[PDB]
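Omission of a single protein chain aside, the complex is shown with its protein chains in their original locations.
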Amino acid sequence: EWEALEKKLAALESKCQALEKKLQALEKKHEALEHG
Amino acid sequence: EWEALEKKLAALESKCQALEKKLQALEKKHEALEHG
Partner (left out) sequence: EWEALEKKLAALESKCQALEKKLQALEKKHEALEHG
């Protein structure tokens, strides 16, 4: 049913969110290099 | 039903696509640093 699907979708949302935080930290490193 | 699920899946696809574009821009910054 939808239970397996909803849990798979919730797990991918959490993975995407954790990747986004790591991508924002890389963006902040470039900002810090670009402004001395 | 599938309506809530399909909309959740479409929203995650758009989020993943927007993260990919930001990741390609970081990749281009490294390419520009590596070639002077």
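Structure notes:
Just so it is clear, A and B label the chains in written order, and each chain counts residues from 1 on its own.
The rule is short, and it goes like this: a contact is a pair of C-beta atoms (placed from the backbone, for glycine too) under 8 Å apart; a residue touches a chain by one contact, two chains touch by 3 or more.
Against the chain not displayed here, chain A makes contact via residues 5, 8-9, 12, 15-16, 19, 22-23, 26, 29. For chain B, the residues touching the absent chain in the complete assembly are 2, 5-6, 9, 12-13, 16, 19-20, 23, 26-27, 30.
In this section, only the chains that are shown with their structure count from here on.
Chain A and chain B have CA centres that are 10 Å apart.
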